[PDB]
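Visitor: Given chain 7, work out where chains 3, J, A and K with the ligands should sit, using these hints.
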Amino acid sequence: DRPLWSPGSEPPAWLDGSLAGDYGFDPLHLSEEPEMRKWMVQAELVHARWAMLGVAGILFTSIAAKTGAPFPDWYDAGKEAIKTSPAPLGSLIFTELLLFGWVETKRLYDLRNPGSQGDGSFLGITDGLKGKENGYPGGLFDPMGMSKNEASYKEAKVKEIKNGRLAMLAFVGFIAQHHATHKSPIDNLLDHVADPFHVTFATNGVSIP
Amino acid sequence: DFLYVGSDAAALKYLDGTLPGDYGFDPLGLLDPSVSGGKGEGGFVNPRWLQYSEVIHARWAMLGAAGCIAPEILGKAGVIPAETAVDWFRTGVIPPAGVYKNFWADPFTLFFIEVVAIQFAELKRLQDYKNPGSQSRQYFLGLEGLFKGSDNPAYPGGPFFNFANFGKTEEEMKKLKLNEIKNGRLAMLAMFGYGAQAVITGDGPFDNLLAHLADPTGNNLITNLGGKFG
Amino acid sequence: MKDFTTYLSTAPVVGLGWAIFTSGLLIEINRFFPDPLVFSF
Amino acid sequence: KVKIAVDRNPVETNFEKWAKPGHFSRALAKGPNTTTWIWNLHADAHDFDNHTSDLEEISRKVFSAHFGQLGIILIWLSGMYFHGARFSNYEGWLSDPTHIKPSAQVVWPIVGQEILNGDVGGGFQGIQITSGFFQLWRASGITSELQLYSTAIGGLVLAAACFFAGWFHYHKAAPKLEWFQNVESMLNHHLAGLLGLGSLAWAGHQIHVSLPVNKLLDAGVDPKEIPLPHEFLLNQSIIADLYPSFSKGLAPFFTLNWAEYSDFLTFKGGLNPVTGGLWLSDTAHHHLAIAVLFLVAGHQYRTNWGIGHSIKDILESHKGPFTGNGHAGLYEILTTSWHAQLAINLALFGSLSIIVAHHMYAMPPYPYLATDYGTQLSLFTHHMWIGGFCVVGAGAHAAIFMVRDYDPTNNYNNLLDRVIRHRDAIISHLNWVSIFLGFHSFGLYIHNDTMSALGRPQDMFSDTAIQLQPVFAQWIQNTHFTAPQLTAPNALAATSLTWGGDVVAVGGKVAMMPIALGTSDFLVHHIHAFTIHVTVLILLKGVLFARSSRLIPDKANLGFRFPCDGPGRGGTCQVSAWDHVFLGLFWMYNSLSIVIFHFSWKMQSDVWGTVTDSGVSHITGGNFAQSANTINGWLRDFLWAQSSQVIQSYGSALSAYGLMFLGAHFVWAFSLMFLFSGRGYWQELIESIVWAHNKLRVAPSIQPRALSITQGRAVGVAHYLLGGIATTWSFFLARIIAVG
Amino acid sequence: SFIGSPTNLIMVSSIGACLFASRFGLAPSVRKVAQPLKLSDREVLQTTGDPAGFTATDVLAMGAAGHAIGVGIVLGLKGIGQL
Ligand code: CLA
Ligand code: CLA
Ligand code: CLA
Ligand code: CLA
Ligand code: SF4
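Protein chains in written order, with the authors' numbering: chain 7, 43 to 251; chain 3, 90 to 319; chain J, 1 to 41; chain A, 12 to 751; chain K, 41 to 123.
Calculated directly from the structure, the hints in this document are not laboratory data. One or more of the hints may lead you astray.
What the hints assert, rightly or not - Under 7 Å between C-beta atoms, here's a sample of chain A residues computed to sit facing chain K: (1) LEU267; (2) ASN315; (3) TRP316; (4) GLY317; (5) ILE318.
Don't be surprised by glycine CBs; every beta carbon is placed ideally from N, CA and C.
Next comes chain 7 alone, as it looks inside the complex:
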């Protein structure tokens, strides 16, 4: 009744198609327990969102570098950023660690007990900072969005998870062909468009001995 990851395959019993992007691909039987199922859903959502954010930032920086603006490569960007950054190394990572620890244990204890942070303990807000779904919060994180409508929310969930998986593939592609070519992903794309019949993953010397 659903398009699976392989046509004619047997979908898992714990994957009933009620999740976003539920293509029934799970050969290692992970997320079988419902608590770990929720934990895997949360982990996939946050890894997906960070993959899309990092891929978008990498693409924007590489496009700006290709257009002539002074921008670093997606690799060693922070290495040449810190020497001009007023914030030194050490303090920056620790500040982001403290702040992200605050946000992430807040959302962690929201995951453990849904609606636990909607009691007004954090600056007296009740409707906000309360989880609407498994890996989907509400209140502050939906300023104008159409999550009120159920069908549009489901379509946006499917779009978000598919874009997330595409961004994971994009990030592994980024690191792989950066180690292959030592060039920007936009430079690799322009090389592929310029000479598709010869420039590829096979004629780079490395990865094809």
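Guide: For chains 3, J, A and K with the ligands alone, kept in the frame of chain 7 given last:
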């Protein structure tokens, strides 16, 4: 007529005019229904998978035996230019033997294209072998109607696999089955030959045919085993 | 996952996890810090 | 008749039986009430006889067990190849084997281990290895680390394939009992197929790959410009200049002109003077002849096509009047008992490993292996001990078959029943020859010690005094030296330099030199014969008296591995055949320790050394003919004259051998608790400790119990053997590395 | 193995003698199981053409034995200096 040279007894007792082959040549014995008895998919030694792999090996041998000798006589003639007309093992399949430099892409690029396309093809084939007709239910670019298949996963048919769709009668279909399996069993020995001839002479098979034709005694097994490169 | 993680919870795996954790902890302490004798801060 | 009977999907692939550790045994399926449940769990883990009484499931279990062991060994071999590919000086060792010590293990700089990265030469530091893998990778033509990487990855792939094969052949498609009972097909396929196909493949690899690489290696050509073996394989022109018979191109093979192949299929006696190992042409013709002999022998038995031999007919037809029924039922036993076949295979494997060690110390089959004294000593000692272990296990599993799978219905007057009948005569005659050999070997040693101590060296059993010259061994040596002259006229020289007249030497060190046998060698060889006769007496008595005895008539119903039948009849302790094997392990240890002590002393005093212009100087002062006749001479001039480098190894590359030596001393000494003591004292001490843990409420739910008597004996013999083996290993390796 | 060589003559005579020996009793073929004196004349599979029991494995074994005997005769005569 019937049977063959090997033709072990207690092997013709489970095959008599049923399979498209069934010439009685099972000296070792691998189509016994007692083999791989029980439940589940199990192993590869079973009559269904053996017939499936035999016809797949057969058709692949037909395609290979056509493609190995096809550029050669046409290169002797003026059909294809002699620059492209090279021996089948010098096209890039064995780079120690030789590659064709004047291709539109790298041989590994063509290898990746072949890997993607035939991985799609063979994985759909395997998934339909596990679940008959299950590739006509999952949406695939709007062409699900030609992947319905038949009761035999080896012989799917349909709007595309049999687009000529002749042989509707059982007798003509059985004759076509016997013709396919017999030409495939010929292409078996054709590939076995072509490989052995390539390793014993270093030249192409039609050149070996010309050598046997011009001088049968001077160019045969005994002189070529004692010659250079083998 | 439950059927496999029940095996994962038995003593031989616990005989590894504590061993890997404590061993690696002592390797990293003896690696990043040199070999001392006195706990004089 | 012979077919492939396979049951598909008998066991589901799930972790359900992984969840409960005690599932193979119904006694262990209840729960761990006592602490002996864990030892019974790890003890009866692979004992498949009491798991189920069905032979088919046992056969499937042992088939996938062998698959798992094969995958484990392939993983280990792939890891060794990867270590030689990544952390090794094989490239440096190829260009200089006589000056650069082999090294393939690199330690971390974590805690003081940088001293273990010894200066082995070639700009490389690491643990100086002793397995001789560099010699093997020089024999089988290997030049660069890329090839070792490819070999390691292929070994990992085949190991994964073997593990998948075990999973498939048990859980997915398990063969039936009739599939395993096809003994004729098994023998034909593992004679012609396995052994013959492997021998022919290795002969082809040596001819097409190893011969040109080794021909260019000893000619002074650097391996960098040596052509890769695929160039030799594809191109006849490159292989034609090194060997002119390749210009014929397989013509003499089919035209029966094999004398033209006398350039790279030679029949030469001795070693290559450039490298010190056997000629690769001789090994090529050897493996080709072995492949021929196994191809012809693999078509002997009858499986499906009428012709052949039926093993039951062969056994039942050989009947001789002093034996009554001659081999009447042995086909029925060996087709239904896994332990009987295990005993036969383990005994022959152990004996053949002993032959392997002796025939590598005799004829080194690898280039730059004879001069590498450490690799030769390690190979001899290691295969020596593995052969001894396989023989002891053969005795153990024979006793297990005697207890469990032996039944009196099929055998009435056959050879096995008659061996059971006259077992007392066999044991008594073996005891007589045991006492006789023990006296006129060890009493000779003690008498020599006494006459040395009494100031009368002319009354000793030495060469200077009255002597026991080993005339038979020296005559065999002279015959083998003169064998190429008359009885093997086509041989260039003698098959080994044990009995030769010339001395070969590579890099200024003696590779292999003639060995002289005197009174001391006679004494040590008869000591070895005595010790082996005692060990075989213990094992054979344990096997024979496992079923019944004049002491305990119902020993069959008491199982194989039981501690005792109580203090009755004066005390029937260690009466089981398992305890007979437990004592035979120590007697094996004494036998092989004395054997390898003789090997090390004889080879260091009469073979190994550095050649000079003014004669040949050995490692020692050649004192084996003067000091091996007495126990104190043995002690002072072998265990005290050597081991001076182990004690002073501290602060050097071989200090880990001293640490291993003292840890081995610790474990060897720690075993004597589990050997001398019993269980009741330890159980009472555990009761007191249980009271202590009960006082402040840390009482475990599982009751702490002392180890079982058989468990205690097993722990004692295991710790004792491990300590002794590591002691001799550390001493031998440190002595042969700091000197040789 | 040139046509006319003594080795070729030895090989062909050995092969023909082995086929003659297996054609009419006289050899432990697939038809004739072997006792110490090789009796009892059994029957399995089918001969596929000519009579008696010349099956696919009967001519395969006798050709193998005839070839293997020939290597012994030729190399034995070559070692002593004959033909
Ligand atoms: C484009 C991908 C995408 C999509 C389709 C969604 C969809 C959804 N998210 Mg999500 N989200 C995303 C990315 C996305 N998100 C990222 C990257 C983050 C991390 C900052 C989050 C953080 C987040 C939180 C914290 C929450 C949601 C929630 C929601 C739901 C609200 C519906 C809505 O307003 O539509 C969203 C529509 C869009 C995002 C489309 C806008 C895309 C813009 C136009 C792209 C251009 C901007 C980009 C930076 C420029 C790229 C430049 C490049 C070309 C170089 C819905 C399921 C809420 C929820 O489920 O509540 C029930 C909720 O609480 N999301
Ligand atoms: C000519 C055919 C052939 C060959 C080569 C072998 C080879 C082997 N068999 Mg044997 N076997 C055969 C036929 C054959 N078998 C038949 C016909 C039967 C039924 C009567 C058996 C029944 C049998 C049993 C019951 C057992 C073996 C075992 C073994 C292994 C012993 C391990 C050893 O000595 O180290 C040599 C090790 C190696 C050479 C390592 C490489 C192993 C490779 C991958 C195996 C490839 C050979 C294989 C026949 C190829 C076809 C299999 C195909 C489906 C993939 C060895 C690999 C033991 C085992 O379980 O191991 C599998 C064992 O206990 N055999
Ligand atoms: C057992 C191991 C072994 C192997 C593998 C080889 C292999 C080889 N040797 Mg050696 N040889 C060996 C042992 C071996 N030999 C021994 C023990 C001796 C005795 C001393 C010799 C003596 C010897 C001499 C004197 C010579 C050789 C030569 C050769 C080559 C000729 C082979 C030949 O005539 O067959 C011909 C080839 C075949 C029959 C091919 C086999 C059939 C193929 C694989 C079928 C595959 C076709 C398939 C359907 C399609 C392929 C896939 C495609 C789609 C990509 C070959 C590389 C000769 C040489 O150098 O030539 C290069 C040569 O002069 N050898
Ligand atoms: C080096 C230590 C050592 C020694 C010498 C002995 C000695 C003995 N054990 Mg033992 N053994 C030992 C450790 C040792 N054991 C240990 C630790 C174990 C446990 C694994 C065993 C396990 C074991 C088993 C399982 C068996 C033996 C047997 C034997 C006997 C072999 C007799 C023989 O052939 O030699 C000849 C005799 C000697 C070497 C004794 C010393 C003789 C000296 C040279 C004196 C010579 C005569 C002298 C002048 C007379 C003195 C006169 C005086 C009274 C005035 C003997 C009584 C076997 C047995 O009963 O005999 C078949 C037997 O089956 N032992
Ligand atoms: S001391 Fe131990 S082994 Fe000996 S009879 Fe008593 S309980 Fe049994």
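Visitor: The structure should be examined with respect to each hint, and the outcome stated for every one.
Guide: A quick look at each hint next to the structure:
1. Contact between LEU267 (chain A) and chain K, as hinted, is supported at the beta carbon level, the nearest pair being about 5 Å apart and thus within 7 Å.
2. The criterion of a C-beta within 7 Å of any C-beta in chain K is not met by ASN315 (chain A), whose closest approach is roughly 9 Å, and the hint is violated.
3. At about 4 Å, the closest approach between the beta carbon of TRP316 (chain A) and any beta carbon in chain K falls short of 7 Å, and the interface hint on this residue holds.
4. Given the 7 Å rule on beta carbons, the hint for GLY317 (chain A) holds: about 4 Å separates it from the nearest Cβ of chain K.
5. Evaluation of the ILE318 (chain A) hint against chain K yields a held restraint, the C-beta minimum of about 6 Å falling below 7 Å.
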